[PDB]
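One chain is shown next in structure tokens, namely the form deposited without this ligand.
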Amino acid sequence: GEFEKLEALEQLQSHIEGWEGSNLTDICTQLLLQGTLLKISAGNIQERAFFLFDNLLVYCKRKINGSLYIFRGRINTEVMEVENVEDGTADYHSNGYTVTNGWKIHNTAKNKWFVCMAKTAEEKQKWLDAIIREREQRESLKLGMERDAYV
């Protein structure tokens, strides 16, 4: 059940070297989606492993040693905005490269942007659907709590 998923979070995290910040078992309960995406940011174009948990987005560099990943960054999804990018778009946000099957993520706490690109339209849709689901579940929990605190 829930305890088993907490142990699974601890194990998952054990495959990530150089973790920064609070532990997954303190702030997450589930993994909605993981996968490799091309990440384009001000000074880098590289593939990253992305993990979307309830409340958190993590991205890593792909690396008996259990390390598979090297920590690169995390975003509290409460301060994450996402914006679609239409195919064929090329501008400074993608460092002039043509984006297809891509979208933008805004870390509003650090005011940092980056572009994510999947390899296929179906993969992009899986990511957008998961981002929507993570936000909807989180908002539902929050509004339920506030409603019970209010009435």
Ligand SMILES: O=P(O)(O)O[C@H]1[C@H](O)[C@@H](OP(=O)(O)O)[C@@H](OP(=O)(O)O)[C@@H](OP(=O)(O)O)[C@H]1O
The other form holds:
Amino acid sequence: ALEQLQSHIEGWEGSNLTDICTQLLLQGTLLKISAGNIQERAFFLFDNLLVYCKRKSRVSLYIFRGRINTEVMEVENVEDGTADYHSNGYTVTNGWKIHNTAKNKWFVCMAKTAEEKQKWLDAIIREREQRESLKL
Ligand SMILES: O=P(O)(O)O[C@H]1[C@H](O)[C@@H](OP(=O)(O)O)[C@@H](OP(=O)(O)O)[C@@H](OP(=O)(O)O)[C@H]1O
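Structure of the form solved in complex with this ligand, given the form deposited without this ligand:
Once more the chain from above appears, this time first in line as the rest of the complex follows.
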């Protein structure tokens, strides 16, 4: 299934899913504020890896846009109503920030609903906790 999924993503960069991941933990679409732009992206959280893609319009389903090793990923909650440097003045709701150390930058994610934000934050915590746990 990892190899299937990757085959549906054009312009892949870097190591293959089957080589460094075992499990798609969560997928969903989110608004991303980065470098002053707002764009919708499909996000995929795997063990060890966060990937985001542009979904192809129907006018292969995805175009690869970014990946982050979760072991160097930092995450920060954003309180609703925040409008600041990283949101470039946009009023954030249902949001959080992700640190991409590989490019020395943060970007902001926003989910459609509060429940969806909570799903993402909990999944990121669980990925971290499993990764740090003693293995069986
Ligand atoms: O689409 P354009 O108009 O070219 O602007 C791009 C997109 O916002 C990118 O987001 P995405 O990768 O999702 O398509 C991207 O990097 P991030 O992935 O780091 O957010 C760029 O940030 P910089 O590379 O810092 O310029 C920004 O310049």
